[PDB]
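Let's start with one chain on its own, the form deposited in one PDB entry, as structure tokens.
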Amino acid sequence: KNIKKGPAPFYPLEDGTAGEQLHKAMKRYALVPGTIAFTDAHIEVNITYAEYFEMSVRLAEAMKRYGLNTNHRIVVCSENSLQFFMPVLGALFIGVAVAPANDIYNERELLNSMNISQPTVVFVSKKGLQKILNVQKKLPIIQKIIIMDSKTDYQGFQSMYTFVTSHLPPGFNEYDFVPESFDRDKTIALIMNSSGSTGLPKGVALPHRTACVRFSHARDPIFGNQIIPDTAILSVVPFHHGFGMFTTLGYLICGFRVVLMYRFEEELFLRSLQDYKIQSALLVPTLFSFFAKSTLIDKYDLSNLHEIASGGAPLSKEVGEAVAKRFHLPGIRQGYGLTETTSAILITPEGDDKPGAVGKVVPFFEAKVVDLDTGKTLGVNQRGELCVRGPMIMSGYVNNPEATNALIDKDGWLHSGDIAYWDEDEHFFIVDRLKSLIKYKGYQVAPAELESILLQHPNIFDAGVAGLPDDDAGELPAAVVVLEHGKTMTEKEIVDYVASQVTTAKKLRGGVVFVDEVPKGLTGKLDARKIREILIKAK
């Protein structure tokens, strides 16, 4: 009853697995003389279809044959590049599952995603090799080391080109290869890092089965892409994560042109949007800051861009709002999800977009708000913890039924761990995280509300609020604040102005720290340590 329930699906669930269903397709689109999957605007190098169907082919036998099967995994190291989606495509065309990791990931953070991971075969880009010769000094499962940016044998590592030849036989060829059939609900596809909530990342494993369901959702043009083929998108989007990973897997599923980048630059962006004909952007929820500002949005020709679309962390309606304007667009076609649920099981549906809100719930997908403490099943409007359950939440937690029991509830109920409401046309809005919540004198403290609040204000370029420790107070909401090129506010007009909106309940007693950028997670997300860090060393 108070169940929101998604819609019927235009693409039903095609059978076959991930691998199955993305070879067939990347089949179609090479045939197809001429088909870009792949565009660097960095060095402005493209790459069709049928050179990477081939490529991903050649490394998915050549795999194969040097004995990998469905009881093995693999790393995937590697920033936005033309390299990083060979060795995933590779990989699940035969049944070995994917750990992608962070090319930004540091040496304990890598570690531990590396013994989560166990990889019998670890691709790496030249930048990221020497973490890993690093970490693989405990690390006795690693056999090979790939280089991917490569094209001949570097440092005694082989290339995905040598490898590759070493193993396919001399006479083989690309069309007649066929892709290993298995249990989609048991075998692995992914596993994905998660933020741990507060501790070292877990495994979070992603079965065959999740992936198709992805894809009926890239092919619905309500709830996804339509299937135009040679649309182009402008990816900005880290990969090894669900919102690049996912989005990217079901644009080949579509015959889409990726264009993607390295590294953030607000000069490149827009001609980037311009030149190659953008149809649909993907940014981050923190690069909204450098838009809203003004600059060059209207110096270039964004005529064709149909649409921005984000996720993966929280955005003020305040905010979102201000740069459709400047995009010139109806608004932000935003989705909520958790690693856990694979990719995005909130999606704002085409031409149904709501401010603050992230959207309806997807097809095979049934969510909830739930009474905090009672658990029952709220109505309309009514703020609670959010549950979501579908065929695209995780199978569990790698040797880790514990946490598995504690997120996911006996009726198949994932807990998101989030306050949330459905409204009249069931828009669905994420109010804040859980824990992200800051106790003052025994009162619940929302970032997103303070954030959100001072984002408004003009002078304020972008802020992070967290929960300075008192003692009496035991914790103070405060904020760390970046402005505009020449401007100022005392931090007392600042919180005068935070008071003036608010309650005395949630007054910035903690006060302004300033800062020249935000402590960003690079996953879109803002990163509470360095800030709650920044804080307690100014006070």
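Note that the rigid core is defined as the largest set of C-alphas that superpose within 1.5 Å between two forms. Residue numbers count along the first chain shown, from 1. Compared with the form deposited in another entry:
- Superposition of the core reveals a Cα shift of 2 Å or more for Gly442 between these two forms.
- Core-superposed comparison between these two forms: the CA of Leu468 exceeds or equals a 2 Å shift.
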Contents of the next structure:
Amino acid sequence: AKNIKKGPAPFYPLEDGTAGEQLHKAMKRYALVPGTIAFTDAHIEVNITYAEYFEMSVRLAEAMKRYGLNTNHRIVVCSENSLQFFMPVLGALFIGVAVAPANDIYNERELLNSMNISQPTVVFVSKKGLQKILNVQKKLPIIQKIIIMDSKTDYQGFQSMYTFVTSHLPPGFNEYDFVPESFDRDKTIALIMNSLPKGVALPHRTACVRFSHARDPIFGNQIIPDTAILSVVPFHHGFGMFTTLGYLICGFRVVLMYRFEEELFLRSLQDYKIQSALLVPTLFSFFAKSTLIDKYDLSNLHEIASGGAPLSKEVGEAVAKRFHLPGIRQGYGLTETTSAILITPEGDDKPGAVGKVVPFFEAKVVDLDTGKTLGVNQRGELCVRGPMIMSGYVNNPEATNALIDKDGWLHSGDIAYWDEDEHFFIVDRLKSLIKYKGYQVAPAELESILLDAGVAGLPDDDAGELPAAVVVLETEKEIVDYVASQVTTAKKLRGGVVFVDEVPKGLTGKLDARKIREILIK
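Output block for the form deposited in another entry, input the form deposited in one PDB entry:
Only one chain is given; partner chains and other molecules are left out.
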């Protein structure tokens, strides 16, 4: 088949060594370049240079190494976005310790599940998540040491990263003579991300491939001095984990925000002369008729990238017009494929599309019932294969086999198609789709008519399901008759409106057709 969309050759080549070796290199170079900033906290106007950041990470790597951390070990990083977030991350990659990010805002049972799977020996937590760790550490004797990420001194009894380094580093330790560990790239896990979620094991190799897309001037961002990115996405999530690590490879300035504010964001875009802004589709609400935008100097802004959830083509084009960009750059990925494997290639837009198959990958679309590869414009389940695909779910080989087949194809459970130009469009998640009779109804299409809103299906005994909605006012039958008179016959709101304070969305933009399913049933 040429019914398989393949990715082109990389405009930037894969590189040798492990991911920590590749990163130690990049960052040591920048450390030696005075004044280059790794991270900026827009909330407290604080910078931390590549010189400082490299020194503390190397310092903390060696300190973990002397503590007895190695390839048999996992550590968890449990934190809101911060200047301190990537210190333990980087530190461990340099010496081959597995890093398991734990969701900042997980409840206790979710946080217990996560760590139960990841089995951490040392836990890194912000001050904000400490009591959550303590409350569940009871059930997890694997944890022997707890360290506070964002404190200089000890904190309520626990060593901080700084005081920990002090006890385990020899004085007059030179950070520029530290050499990271070499080991098997495909065999040594770098990260364990969560999806009840499962631990996604990602070998060093998958981050090394990512480091090719990151520097690829067509699929990523060409290394160019004094480049500043403004990232809003969470670091414990694949979206933020692998975009950010790619930025440090490029030596970019990552201006982070621990919570989106309308004014702060627009402030920092101008102030920090920012070239690229990393958002999630939910934050496009605020830039509908955002009056503010017109005040600022957003002349430096070259692009705005979205991911992690669908962006309506309408609001995508609107927002882009407001920033005078050609359009919204876009990337599609799953936790299980490391980072984005569909990316809007520079110099090749297509509204609605999530992009084209990145280098090293192949994407295809299959029949739900027979698995046959489907052709152009034919909708079926999206399948991808390439070297960023996880090695497995940690300690759950069954679920690894249910997802990745013999030939290496990952089954995304997203319905999607490609066109004559090999651009890929994502309809919806398969389980998010409504089956009114035999006829299929896609939430995304109904919601753009309404626009807040969320569309799911009432399990009608008659039709199977009936296209329903939740509505956040800016009445009902004055809308169902508006719905029915916008769509066609099977897409009429055969399940009505149920007004709500707020539409159930996950931290990266996705809705919740399971919670919304339950919610409408009242």
